[PDB]
Structure formats: C-alpha cells, structure tokens
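Fit chains B, C, D, E, F and G with the ligands to the supplied structure of chain A, relying on the hints for placement.
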Amino acid sequence: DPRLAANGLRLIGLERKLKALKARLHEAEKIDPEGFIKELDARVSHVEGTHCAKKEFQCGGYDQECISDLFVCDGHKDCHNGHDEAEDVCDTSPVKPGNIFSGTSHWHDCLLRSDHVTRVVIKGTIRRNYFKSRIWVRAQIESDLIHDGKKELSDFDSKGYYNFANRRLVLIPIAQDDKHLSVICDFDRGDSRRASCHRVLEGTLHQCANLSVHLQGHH
Amino acid sequence: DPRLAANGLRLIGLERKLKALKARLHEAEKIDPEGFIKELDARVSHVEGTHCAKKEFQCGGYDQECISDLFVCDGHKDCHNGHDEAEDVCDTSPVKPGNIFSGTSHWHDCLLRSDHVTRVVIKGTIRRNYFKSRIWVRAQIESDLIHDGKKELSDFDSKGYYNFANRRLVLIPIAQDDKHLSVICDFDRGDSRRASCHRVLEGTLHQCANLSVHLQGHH
Amino acid sequence: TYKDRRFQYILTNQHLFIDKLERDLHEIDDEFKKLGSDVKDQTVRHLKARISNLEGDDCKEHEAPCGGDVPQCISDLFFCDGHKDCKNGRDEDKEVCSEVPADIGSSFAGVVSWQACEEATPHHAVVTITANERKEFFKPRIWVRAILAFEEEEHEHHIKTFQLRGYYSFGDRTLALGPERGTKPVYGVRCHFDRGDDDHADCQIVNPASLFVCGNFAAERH
Amino acid sequence: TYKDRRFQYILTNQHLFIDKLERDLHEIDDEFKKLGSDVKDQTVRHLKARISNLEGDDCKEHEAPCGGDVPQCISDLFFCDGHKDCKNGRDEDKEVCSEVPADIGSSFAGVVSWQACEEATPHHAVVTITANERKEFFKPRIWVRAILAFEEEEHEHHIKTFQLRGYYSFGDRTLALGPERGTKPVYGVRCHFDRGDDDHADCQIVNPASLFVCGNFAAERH
Amino acid sequence: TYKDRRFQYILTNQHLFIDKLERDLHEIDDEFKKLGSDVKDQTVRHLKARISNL
Amino acid sequence: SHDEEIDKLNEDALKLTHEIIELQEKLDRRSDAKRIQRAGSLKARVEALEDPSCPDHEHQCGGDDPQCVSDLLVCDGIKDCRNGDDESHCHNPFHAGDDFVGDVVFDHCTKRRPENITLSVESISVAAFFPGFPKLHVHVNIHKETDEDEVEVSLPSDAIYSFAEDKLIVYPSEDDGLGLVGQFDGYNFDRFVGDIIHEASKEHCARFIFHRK
Amino acid sequence: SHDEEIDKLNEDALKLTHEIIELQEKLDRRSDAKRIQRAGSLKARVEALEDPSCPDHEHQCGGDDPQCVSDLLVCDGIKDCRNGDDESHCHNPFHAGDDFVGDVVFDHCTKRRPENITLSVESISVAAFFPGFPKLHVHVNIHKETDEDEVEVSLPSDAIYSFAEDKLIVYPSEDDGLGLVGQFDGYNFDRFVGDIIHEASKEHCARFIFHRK
Ligand SMILES: *[C@@H]1O[C@H](CO)[C@@H](O)[C@H](O)[C@H]1NC(C)=O
Ligand SMILES: *[C@@H]1O[C@H](CO)[C@@H](O)[C@H](O)[C@H]1NC(C)=O
Ligand SMILES: [Ca+2]
Ligand SMILES: [Ca+2]
Ligand SMILES: [Ca+2]
Ligand SMILES: [Ca+2]
Ligand SMILES: [Ca+2]
Ligand SMILES: [Ca+2]
Ligand SMILES: [Zn+2]
Ligand SMILES: [Zn+2]
Ligand SMILES: [Zn+2]
Ligand SMILES: [Zn+2]
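Residue numbers (this note's numbering), protein chains in the order written: chain A, 89 to 307; chain B, 89 to 307; chain C, -16 to 205; chain D, -16 to 205; chain E, 97 to 150; chain F, 6 to 218; chain G, 6 to 218.
No lab work stands behind these hints: they were computed from the structure.
Warning: the hint list may mix true and false statements.
[Said to hold, decoys possible] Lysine-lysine pairs mimicking BS3-like chemistry, simulated, CA-CA at most 27 Å apart:
#1 F:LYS218 x E:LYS130
#2 A:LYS107 x G:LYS13
#3 G:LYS218 x F:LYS31
#4 D:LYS17 x B:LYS110
#5 A:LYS118 x F:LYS39
#6 C:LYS23 x F:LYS48
#7 B:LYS165 x C:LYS118
#8 G:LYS31 x C:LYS16
#9 B:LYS110 x E:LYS116
#10 G:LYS39 x D:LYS43
#11 G:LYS218 x G:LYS39
#12 D:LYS3 x G:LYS13
#13 B:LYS107 x D:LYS17
#14 F:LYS39 x A:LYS126
#15 D:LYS23 x G:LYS48
[To be verified] Simulated restraints on C-beta separations:
#16 D:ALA99 x B:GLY305: 47 to 53 Å
#17 C:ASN71 x A:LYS165: 35 to 41 Å
#18 A:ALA141 x C:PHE121: 44 to 50 Å
#19 G:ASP69 x C:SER35: 37 to 43 Å
#20 G:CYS114 x F:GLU9: 35 to 41 Å
#21 C:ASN71 x F:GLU153: 25 to 31 Å
#22 G:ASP112 x D:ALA99: 43 to 49 Å
#23 C:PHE121 x A:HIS134: 40 to 46 Å
#24 D:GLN25 x B:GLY212: 38 to 44 Å
#25 G:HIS62 x D:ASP41: 24 to 30 Å
All residues carry an ideal CB built from backbone N, CA and C; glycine is no exception.
For reference, chain A alone in the conformation it holds in the complex:
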C-alpha cells in the first residue's frame, strides 16, 4: 500500500465533509431569498396602496387594470394579462384543512386578557364549481388562557370564507352568541404560511385584539 493509504485517508476526509454539509442543510432551510423578496413586495405594495375601488382587484403589480373581486379565481380570464387566474393568486393553501395557525393574541379592547396563544384550526372547505371566487371555510378557534392560576382552553366552532383577491380569511363564530369574537386574517406576508389577524366584532369590524399567526402546524 504505497500512497493508496493516503488516498484512503482523503476519502475518509471527504466522507466527513459530506456529513457536515448535510448537517448544514437544516440551517440553509432557514433562509428563503425568494420568499423574503415576496414578503417585501407584499409590504411595499401595501404602503403604496392601489387606485382601485374597494371590492376591486388590481391586475398586475404595476398594471393599471381593475377587476371585480367577484371575478377573481372564478375560472375565467378577466385581466388583460390573466393575473386574476394566476397560480399565486388562486393558491388555496392558506385554508387547506388540517392547517393549524398559531399566534399570540394581544388584547386592547372588549376583553381584559393578558397576552395569550390563539390557534385558528382549519376544519373544512367548500368550493362550489359554479362560484370559485371564494372558498367557504369552517374552522375551530382555540385560546390557551391562564385565567385563574391554572390553565384553561377556550375554544369555539366558527365559519366564514377565504377571498382570493384581498387574501382574506373571515371567520365568524358559528351560533356563538356567547361573546366569542370573530377573527379576520390577512395573508399579506407574501406566503400561505403567515397571516396578520385581528379579533373583531362582526357587525362593526372594530378591532379588539392584534394577532399574528404562523403555520407551524402539528399540535
């Protein structure tokens, strides 16, 4: 064995290296350039606003064409550039059943709670083939309250819709007169994983709490 042994050592080295790189993958996944830019595009676009009316959908990013939000993701090309039927626009995964969005609820009205976890749990979706403009969502709203020294879950069943055009999930409490506030989430972070939410009164849309959920998801 001349320097064949040396080459063997080199090979052990390469094995070690490969192991290390594979380890680096976990840390590499924590960086999403494309997603970062999509987020910034979202936030900047929010600061810009639009020239469209309420209940209207602006076609491109720079584009000047407006469309009724009743025509967004309905299966028909309504924009001169077809943006209203684009895949990013029409992505149905913000309300894919099984999704569990969790976040901290910060109250500043209505209720006198300290900061606490809230989960929006997507339980089901209906999308009529004759009206694809909206997805009808059913979900469970859970809240971990450390009310009286000990912990207690406060949950309720709710129903509403996800509207593609403004990327908004509205959930009002199913037959829950019992002073459970509605929730309104905007998937305005460039993805289908995070949303800026509020606990609101259904009738007036008055915001009683600030809530920011991320998907995390798995109990």
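Just chains B, C, D, E, F and G with the ligands now, with coordinates in the frame of chain A:
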C-alpha cells in the same frame, strides 16, 4: 506526523496537476472559438454578397445602408451606426510593418512554376492624416524557387495600398518591368492573420496564381 | 497471483467508496435544490425602485437627485452635459445618461384606465418614438418625435393616431410629449421611467394645456 | 518546547506550499483568460440562421418547413392549430408558435434604402403593432393592426403615417401588412423574421397591389 | 519517480520558509528604520564644544 | 498498471472533492453574512416606510410573532421578549479607537460648515447594572480651510448609545444647542446618518453620512 | 490545537483542489470533442454553400495553406498533402456489426416505400495494398406492413467506402437501378444522408436520414 504526511502527498499531487494544466495551455491556444465564428461569418457573408455597388461599403451585417469606400476609416462617422469607423473595420494590423505573410503559390497561367513558397514582407506604411481611408503599403515579395536542381530566391520590391472597406492589400512591383507579377490579398478569413491572395497582372487583374498566406512570422 | 488480487481488492473498494460518496453528495445536493431559488434581478431592481420612489427626495422643482450614498440635488439642465456637477459625478454616469428610453423605434405600451376625454373601456395605448435629435451644445435633453396610438376593436376600422413632439430629460427620467406643430392640441403624454431600467414607465395621457390627467397606463417596452 | 516548534514548522511551510500553489494557479488561469472568450449565443444563432436561409428548402408555395432532423414540408394553414401535422410535431413547438412578433406594442425599426416611391435619402422606418386578434377556431394566423411611420428631419414637422392591417403567419415567420380599411392603397409591409428569434426581421416597404419593392430595411425590435 | 518528488517537495518548502523569513526580516528592519536616526558628528562636536566653553 | 490505476483513483477523488466543495460554496453563498445584512437593510427601509408597530417609547421584538417591549428594558440582561430579541442586539458598534468619517448632505447651522466631520471614539464606560445604555467619550474633529484662515478643532463630547433605538446621541460641547445624533440602519453598523439637531427646537438643520474608517 | 490547525490545513487544501479542478474544467469545456465536432459540422455546411475549392475528382487538404490531391491518393498510406491530411481521415465509420436506421424524407421510386430502412454492416474487407477504399458486405433490411400483406426483406449488398469523399456507396441487389449512397458530414460519423439514385439517369429519387443505432 499523523496524516500531515498524507496531506503533504496530496500537495505534491496538486503540484503535479498544476504542472499538467499549464502544459495543456499550449494545446488550448490552438482553439479560437470567437475567431472560428468570425471566419464563418466572413465566409457566409461572402456567399451572401451585398446589395451595395462596387466601391461601396455596407454598414452593418444585416444593415441596409451603403457608404462610399472613400469614407471608410477616414475619421468621420458616415454610417447611421458608425460601422465605417468601427475598430474591427479600421484595424491596421494586416499591414503592420514587420509582418511576414507566407504561403504556397500554385501557378496555372503566365509562368510554368511548380508549387512554391512565397512571402509578402511588409516593409512600411504611410497613413496621411488628411486621408485615412487608405494605408499606403511598401513591401518585399520573396519566392523560394527550386528551379534547376538547386534552390534560388526570387525577390522584388513592391508598393501599393491596404483598403479597409474591402480588406484588400494591393501590391504592384516597384519599377519592375522584369516580369514580376503583382499580388492582391484579401483578408477575408475574419482576422488580420490570414489572407486569400492572387498573383495578377496589374493592367487586367488576370489571375495567374492562387496563393494563401498566413502570418506565422519570424523568418 | 494473490498479492495482485489484494492490491486490486483495495483499488476496487476505494472506487466503491468514491461511488457511495458521489451518490450521497447527489442526495444532499438534491435536498438543497428543494429550498426554492434565488431571486430575479429584475424583481429586486423594481422592488428597490418602488422603495426609492416611496422614500422620495428633498429636491426642488427643476432639480433632480444625483443618487448615490450622499444625497445631492442638482438642476435638470445639468444632467449629462459633459461637466460633473454632482459631488460623486453621478450626473454623468453612463447608466443615468442612457439615451435608450428615447431611441428611435422605442415603443411603450400598456392598458389605459381613462378618467375623462375618452369614454371607451380599458384598451392598450402605444407610444412610439419615430425620431430624435440631441443637440451637441445642449445635451441635457433629447428632442423626440413620437406617435400615440390606441388599440381598437376589429369593428372600429377608423383608428385614432396622435402625432407628438417633446423631449426626454435624463435627471427627471421623463419622456414629455405634446402636440406636433399645427396638429390640434388634443393629447400629450408624460412617461416616468422610475422602475430602475429603460424598459418600464408610468405614463399618463394628459391634456397638453392643463396637464390634466385623462388616463393612466403602465408602459412596457416591446 | 522544541517538538511543538517542529510540528509548527511543518504546519507553517505546508501553508506556504499551498500559497505558492495558489499563486501558480492564478498565473496559469490568467494565462488561460488571455485566449479570447467564448461566443455570443446571438451571433451563433444568427450565423446558423443565415446558413439555414442560404440552404433553403424544397417547399412549395403555401408550404413551410417543419424544421428538425428529418426535413418535412407542411401547409401554411397547419402551423400552430393544435393538431400535430409534422412527423416530429414541430408545427406545434412552443418556440415556433411564439406569438411575440405580433404582440401589441411590438415595434420594429431600421434604416431604409429606397428604390422608388419615396425620393428621400436613407432614414428610419418604424412599424408598430397597435392591435391583434387570434381567432380560436383559426389559430394559424394572428390578425394585426399596425402603423408604418418614417423618421423625418427636425424641419419637416409634417410627418407621414400609414395605418395598416394584416397578419402574422407562424410557418412563414411572416408579418404581412396592407392598407387599413378605406385608407388609400399607398404602402404595405413584408417582414420576415428569419434571424432565428422574435427580435429581428427583414422588411420591405412595398406597394400593396403589385408587391413591388419600394425599399428595404433591416428591422430590429426596440 | 515519487521519492524524487518527495525530496524536491522538502527542498521546495524550505526555500519557501526562507523566503517567508526574509520577508519578515524586511518588515522588522523597516520598522526599525522608522526610529529616527543617529546624530551628525558635527552637531555632537559643536554641542560638546558649547558645553566645554560654558 | 500499479501507477495508472492509482492515478485514475487520485483523479476521481479530486473530482469528487471539487463537486463537494461546489455544494459547500452554494451553501456559503446562500448564508453569506454580507447578503443577509443587505437584506436586513432593505427590510429596514421598508419598515421605515410603514406605520410604527409600537408605541412611541417601545421596541419591536420582531419575528413571526411580534411583541412590543419598553425601550428601557432592551439589553439589560433580562429577557423580556418572548423570543429574547431584546437580549441579542447587544453588540455596540463603537469600540474604543474607532473612527467614523461623515460627509455633508446639507448643513445650515454648524459653526464651521465643514465638508466632512471625523468622529473619534476615545473611551466606553458600561455600567454593569445598566448595560443597555453605554456611555462614550468621543471627540468631534473638524478641519476647515477658508481664505482668511485655517481652522482645526477637536471637541471632546459625551455620548450615550441606545441599543433600543440603534442610536448614538452625542451631547453638544460648545455654546450652541447643536447635538449630533447617529441613526444606525439596524443591520449595517459601518454606516450611520448623523443629523445635527437643536437640543431645544428639535429642529433638524444638518445631516452628514458617516462611514467607518 | 494539533487538530484544529490540521483541519484548517485540510480545508485550505480542499479549496485549492477545487480551484485547480475548476481550471481543468474550463480547459475541458474548451476542448470538448463533441463541441469541436459540432463546429466541424457547421463549417461543413458553410463549405457546402461555397464554390468547390478543388477539381471534380480531387480532395481539399484544408488548413491555412490549402492544397488539392487526387481522390485516389487519399488514405493509401502515403502522404501527399503537405499537411498529411489525406492520411489522417482514415477511420472507417462502419465496423462489422454496426446498425444504422434511416427515416424517410422523400421517396418515389423504392419498391416497398418504407417508413424506415435498417442498414446492417456484416463484414469489412480492406485490401492492404489499397486501403483507401474498403469493401463492405451489408444487408438492407426493410419491414413494410400494408393492408393486403406484411413484407419483410433483408437484401445482401456489396458496398465501398470512400475516405476521399466520406461516402458509402451501396450497389443495388435487386432488379432496379436503385443504389444507396450515404454522405457523411465529415465530422459526425453517427449520421449520414442516404440518397437513393438510379445507377443510370443519376436521378435522385429518395432520401433517408440514417442514424447510428
Ligand atoms: C475632508 O475633505 C477634504 C476635501 O474637502 C479632503 O481633502 C480631506 O481628506 C477629507 N478628510 C477626510 C478624512 O475625509
Ligand atoms: C420503423 O417504423 C415503424 C413505424 O413506421 C416503427 O413501428 C418501428 O419501430 C420503426 N423502427 C425504427 C428503428 O425506427
Ligand atoms: Ca376571473
Ligand atoms: Ca467615415
Ligand atoms: Ca453635468
Ligand atoms: Ca398543426
Ligand atoms: Ca431585557
Ligand atoms: Ca496519400
Ligand atoms: Zn429588536
Ligand atoms: Zn477627550
Ligand atoms: Zn481532408
Ligand atoms: Zn449476407
């Protein structure tokens, strides 16, 4: 010395490799992609012809504008795209004095010589600043003739011009009534290194020999 | 022999080890490729441009920013005139002074939302530079002849065409167009190339007199 | 200690050896960089295109080549209509069926050498697509509305504009334009996109009736 | 051969080590040169003379 | 034979080494500290354009679950953010000996109206019991050469750094209300904007862009 | 210490290995045999478009110093070109056992009018005293399935390869004047154009594009 020695062996390996690559450079220089494509462009463009008159210079490659060849490389932008003053067009190196173009002369008229070496030796150039359209070239034409069992040099002094527009070097024999034929070279191979030449009669431009010179150059 | 087969045995399973390593490497690389990708440089350029526009500048009328690390404002009339007026020379930068937005044959098109003048629904507008002239003694402007045309239905067959003349201003990054000599003051155009390149512009179809906005289109170079 | 300084002595001049190797590598790489470069893919595409054009095809009138490894000719009327008529399907290739040369806002410009009709000296011509329509039941043609305009001097100020209508044919790779409905049969345009991309075309400004060539320009997309 | 390249490998990076040492020496010497200089013998002679006279 | 095969082995091994280091370089490019920084700076500009997410005197912990925390509680060694953000900012951009050179943007209040200002950090005193607001002793160095004279100045001044606001506050040393405030990008730390403000009117009358020298 | 430093050494060495192999890969890409071939094919198309550089029965030695040499003197083992070009072509594209499959371009004379033709090389006989024109025994295999019948055929035929013309000439085996001629690109050798020609009228009545199978 643990595996430090092994790493040392690796380093000797890398040294060896580097030496080998440096050796490959010579062979790598024998490949000129850009020059190859420039040659093909030249040859194809010759097969295509142009829509310009004689004594005219077509501007771009696809471009439709024609210009008098008295305006080519004269210091004034005459083409809508300035091609008549471009660097490739106005390159003066085909007739840079010191250049020695060598090639094989193949006779088929006038003289009864067998195939033989000819050299065009650029001896001087004059380029008037008041008329840059042309370069006035003075050169020596040498021919190695194996006439009567032994070798003998047949050389003569000559004068003419290089015209940029048609990339043509014309050399007629300086006061050489002594049946020395003129030479006309076209640098039509995409470079300033090779030329397609002819030995011709000055008065009639009748082609007595085919000659293809390349630069090689250094005696 | 036997020793030969031992040596060959060592060689054989070093190549085997190398092959395994190669396979593992391919697994890891494949795992890395499923982490999305990097971003289109145009998307980043445009995003940065939108941010820059939202940030604005402290320039006065008839001034434009030089750009760069230390903000400085200089005159419209000082951009691309061969003398460096910016502390960082940006007013003579080769990119800033790109004369491409005013090149002959340049055409910028997009769909128009009207607010007056025209009662038609959203259609394309195209403005095409047909001629230009940049005087050598006054270089901060490129004088252009252009044509505004509208996309109209297959049934119309009586298209409307407006001949314009105006200029491109480097510092403003502005193409300003008005009616050609003796041609009925109907329309003018204001295009602002503020997306960070010579290929997109925010245009308004205006009244030549009042600069009143008749309609807007997001222009794109085709 | 001493043994420590021996070990450190070995380490020190292995790094030195690595540094030397690095320097030598940089020398060799620098020597390699001075061997010219590779070629622009556009120059190669256009060269290949010019060769292809010089080679021609054995197609009949109203036929166009499918392209590809085994030559086959098919009808004008069979390109990009959703059914594969070529043995290799090329008549439905996504590149062949690029509808970009007929896109709204597309403008092709270049300098014209005239041979009749116009007694002006070489100036630019620009043809701009202002509208289009591709009927879903007859897809092998894109019907277009365009405008031919000429570059004219700063002194003219009475520019000439010709409104055209016609089609783009995929197999022919041809933009064919004639006078718009009721607009004085003065000019027509024939552009052939034969440079291998959607961005350059050989155009002729012709008489709409005789197809007599009035002038030629090498068109380029701006 | 291989042994020849090992011997040459040792030679090569002893010269490299010598070169490094030389560079370091030049650094130190350069650092020493920036400590002013010695004094003109005339300035000292005259100073001593002035003291003597006083 | 026993050399050709070995050489082929060494060759395949080199090529493997190359492919492996290539993967590593992709990994490195993705996580390149400079790139991450630039990203942070961009994000920061956007944040500047948005409405503040926190009350006037609080600090946004950031993250996918935002939270506001008193400015006085940032970098005091006790975690107040649920994500501990208040306790990881804590690297002071200024070290004893650092120089920053600022070039003028606009200026209509300073005495000398200088082209550039050098800010030299001389010392830093961090109270162990109050580490969130380090105190610096710095010198403001100006050198202005007019026609009538040449003036050089080195004004000793006291400063505070706020980790909460990523901000240097340099209290005036002369007899004008003129203080220097350096706002850091949040991610750069080799460049800040130095605004000169009247301690009283709060009027902003000069601005210099400072870079680490 | 004695491990951290060694590891840093191994690392720098790996990175060097990478940079070196990178240079090598540039070198390899430049001289990639396939690329050179494609270049040759392109150049060949151009040459086809140009006027012939040589008399009807001669061979262009090529190079920067062109020369014409009789077709009968190419690949006879004696250098006639000044650059020896006639004696370096000499690699026969056909080997005993090779199959080429040709797809129809046009065809209006063959008996079966087939979709594809397989040409199988069975044997090669090279006269030592005349190596420039190898003789091949090949079989032309056709399989045509119409409505009325299914026909299969394997026609044994004699052929000659001309190195001078880069050309395979397959003499007809049946009772029609129909011969097959395969023209090689000059640089490809995995693809030729197979024209079917009447041995008499010289009329070109069919063409197939053959690829090495
Ligand atoms: C300050 O500016 C002057 C020119 O106005 C320059 O000469 C000097 O070097 C600058 N000083 C620094 C440290 O930037
Ligand atoms: C020959 O052609 C027929 C179709 O015409 C096909 O089924 C068969 O597989 C082909 N053979 C080859 C090698 O192309
Ligand atoms: Ca729709
Ligand atoms: Ca000229
Ligand atoms: Ca200027
Ligand atoms: Ca079809
Ligand atoms: Ca704290
Ligand atoms: Ca021979
Ligand atoms: Zn923070
Ligand atoms: Zn001090
Ligand atoms: Zn040959
Ligand atoms: Zn047989």
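Each hint, compared with the structure:
Distance restraint check for F:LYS218 and E:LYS130: the Cα-Cα separation of roughly 24 Å lies within the 27 Å cut-off, and the hinted pair is therefore satisfied. Proposed proximity of A:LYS107 and G:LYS13 is supported: the alpha carbons are some 17 Å apart, at most 27 Å. Only pairs whose Cα atoms come within 27 Å are accepted, and G:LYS218 paired with F:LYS31 is rejected, the gap being roughly 40 Å. Note on D:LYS17 and B:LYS110: the hinted pairing holds, with a Cα-Cα distance of about 13 Å set against a maximum of 27 Å.
Taking the CA atoms of A:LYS118 and F:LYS39, the gap is near 16 Å; set against the 27 Å cutoff, the hint holds. In summary, the hint linking C:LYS23 to F:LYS48 is supported, as the alpha carbons are separated by about 17 Å, within the 27 Å threshold. A threshold of 27 Å between alpha carbons decides the hint, and for B:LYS165 with C:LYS118 the separation of about 16 Å falls inside it, so the pair holds. Taking the CA atoms of G:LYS31 and C:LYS16, the gap is about 24 Å. The hint holds against a cut of 27 Å.
Only pairs whose Cα atoms come within 27 Å are accepted, and B:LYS110 paired with E:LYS116 is accepted, the gap being roughly 26 Å. Under the criterion of a C-alpha separation no larger than 27 Å, the hint pairing G:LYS39 with D:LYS43 is inconsistent with the structure, at around 35 Å. Restraint check: the Cα-Cα separation between G:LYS218 and G:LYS39 comes to about 18 Å, which is no more than 27 Å; the hinted pair holds. Taking the CA atoms of D:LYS3 and G:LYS13, the gap is near 17 Å; set against the 27 Å cutoff, the hint holds.
A distance of roughly 18 Å separates the Cα atoms of B:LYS107 and D:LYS17; the hinted pair therefore holds under the 27 Å criterion. Restraint check for F:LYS39 and A:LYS126: the C-alpha separation of about 20 Å stays at or below 27 Å, so the hint holds. The straight-line distance between the Cα atoms of D:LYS23 and G:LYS48 is roughly 17 Å, inside the 27 Å bound, and the hint therefore holds. Between D:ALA99 and B:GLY305 the beta carbons are some 51 Å apart, a value that agrees with the proposed interval 47 to 53 Å.
Separated by about 48 Å at the C-beta atoms, C:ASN71 and A:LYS165 break the suggested range of 35 to 41 Å. Restraint check, A:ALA141 to C:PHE121: a C-beta distance of roughly 45 Å satisfies the suggested window 44 to 50 Å. A C-beta distance of roughly 56 Å is found between G:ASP69 and C:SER35, which places it outside the suggested range of 37 to 43 Å. Under the hint 35 to 41 Å, the C-beta atoms of G:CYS114 and F:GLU9, about 55 Å apart, miss the expected range.
A beta carbon spacing of about 29 Å between C:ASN71 and F:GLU153 agrees with the range 25 to 31 Å that was offered as a hint. Roughly 46 Å separates the CB atoms of G:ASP112 and D:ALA99, a value that falls within the hinted 43 to 49 Å. Restraint check, C:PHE121 to A:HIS134: a C-beta distance of roughly 43 Å satisfies the suggested window 40 to 46 Å. Separation of D:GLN25 from B:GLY212 is about 40 Å and conforms to the stated range, judged on CB atoms against 38 to 44 Å.
The hint said 24 to 30 Å for the Cβ distance between G:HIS62 and D:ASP41, and at roughly 28 Å that hint holds.
Checked against the numbered hints above, the structure breaks hints 3, 10, 17, 19, 20 and satisfies the rest.
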